[PDB]
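Dropping the structure in here first, questions after.
In this view, the complex is presented without one of its protein chains, the others remaining in place.
Should a chain be cited, it is by its letter among A and B, assigned in written order, with residues numbered from 1 in that chain.
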Amino acid sequence: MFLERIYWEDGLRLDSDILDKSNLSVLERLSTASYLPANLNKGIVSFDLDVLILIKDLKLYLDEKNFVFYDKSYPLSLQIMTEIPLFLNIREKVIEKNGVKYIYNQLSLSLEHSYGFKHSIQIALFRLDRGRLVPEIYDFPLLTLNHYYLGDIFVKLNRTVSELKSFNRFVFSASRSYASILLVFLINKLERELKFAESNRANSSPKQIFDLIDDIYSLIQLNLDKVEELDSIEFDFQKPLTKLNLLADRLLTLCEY
Amino acid sequence: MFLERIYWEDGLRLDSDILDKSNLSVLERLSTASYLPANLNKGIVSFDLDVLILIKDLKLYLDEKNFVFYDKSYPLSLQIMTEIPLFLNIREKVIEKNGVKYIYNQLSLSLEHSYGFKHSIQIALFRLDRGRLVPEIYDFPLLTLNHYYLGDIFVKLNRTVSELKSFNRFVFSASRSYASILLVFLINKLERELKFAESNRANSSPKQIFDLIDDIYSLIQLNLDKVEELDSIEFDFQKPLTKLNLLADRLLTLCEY
Partner (left out) sequence: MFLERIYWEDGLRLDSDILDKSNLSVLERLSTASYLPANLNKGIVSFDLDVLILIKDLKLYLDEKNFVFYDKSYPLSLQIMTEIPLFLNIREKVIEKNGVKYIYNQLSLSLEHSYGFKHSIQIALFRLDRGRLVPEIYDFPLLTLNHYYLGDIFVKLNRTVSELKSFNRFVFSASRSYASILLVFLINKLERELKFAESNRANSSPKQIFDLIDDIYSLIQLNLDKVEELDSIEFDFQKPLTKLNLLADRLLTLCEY
């Protein structure tokens, strides 16, 4: 049910309930009318942690375009002790500032899902071996590229670029000299995009990188002279990191020859 | 005139009129400040109908960034009887929910323009032959790709891809072997983009598809060895479906040879 705005013209004794309802309706209406890139309903715009789990930057969109922002006023840590899911808890509370009451949102971390909270959504997956807490991939859309898992992806992509250069130099150029120029062209394009993306994390998206890698993969398959059936992977806005990892692994497997 | 926010500091007897005016001003200000992709003022984000005209999904932005959403609470049909324009009517009405009055927007369908309504904008064009109601192209910007007319476009594009493959295999490769590799590359790129777009309708735009088709067209014209004058068509954000149809028709005409 889409309620538009509240109806004031009737006239009634101004109580707190009607004002709170009006504010809530206005907020809901304007949040619904808002737009996100690629018409997404939720995503992560920034999420970084210290490398005990300590949160430095947290900014994301929950389901139905709910905005969550983390103030640096209080620490956000869990400090586990001994497949470990990580959950985010949002509880509202009343605080007073310079003589005026307000409504605040308090963030917390828990090991499992909890009740009695406004929101409880899993945001990360962690696996520990001898107390190391190796990060793990979790399926969630992200809008920007400044995610804590992107370091491993960048290292793997640099290794893939080096492997691609070696593969083109050694055997691919000798067999098919015609497509070698286009392959070098696309490799340089990917390298330039990676160099730009590493320096600027908040102004990039995974779709461009996935498109470049997929294009490089398809170009090799077309002239590979192997079986005519080519395996195609489609990008998914729900699991982008998984698709990037699978594409990189397949590219490395084909490049190792 | 850009009114920013209302001025409360004067102090006055709190009547319903001032509260309604404040809410309206806040809504107008925040709607004006909003942003849409490619800096558009209106567009269609989702519009699907059953295949009597029955509406299943309706979501679009009117002029001056006005947001219209269709609740599935009530049916939305016209049921014509015997170039048939279709119009959308918006009338506001007062409803009460759990003891609180609200303002609701009611949607309706009419054969022609009507007065006495908040909005009356034509959204579709229909032509019937022996009571069939064949869909017709209407000029209106759309943000996503889930429009009811995209099925015919997808079928035509698949046929165009097959025709392009046949044309490249038969005559184009034999005459110009140099550009054949690039042509096959671009054809595969278009095929991959089409495969992704068909599965994911809400996360795609017509501009990418138009760019790919136009690029394929230009590549053929450059090495076609025919008259040096090449006909170039520019994408228009006001009539995207028309441009797509014209480009596809021209590509098919050139491919039939």
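Keep in mind that, in the parts below, a contact is a pair of C-beta atoms (placed from the backbone, for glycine too) under 8 Å apart; a residue touches a chain by one contact, two chains touch by 3 or more.
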item: Residue in contact with the excluded chain [from B:103, B:142 or B:179]; value: B:179
item: Sole residue of A:27, A:52, A:54 or A:111 that reaches the chain not shown, by the stated touch rule; value: A:27
item: Listed residues A:182, A:222, A:252 or A:254, member touching the removed chain; value: A:182
item: Touching residues (missing chain, whole complex) on chain A; value: 14-17, 19-20, 23-24, 26-27, 30-31, 34-37, 45, 67, 69, 71, 73, 92, 94, 97, 100-105, 143-144, 178, 181-182, 184-185, 188-189, 192, 195-196, 199-200, 202-203
item: Chain B residues that touch the omitted chain in the full complex; value: 1-11, 14, 18, 21-22, 25-26, 29-30, 32-35, 37-40, 178-179, 182, 214-215, 218-219, 222-223, 232, 234-235, 237
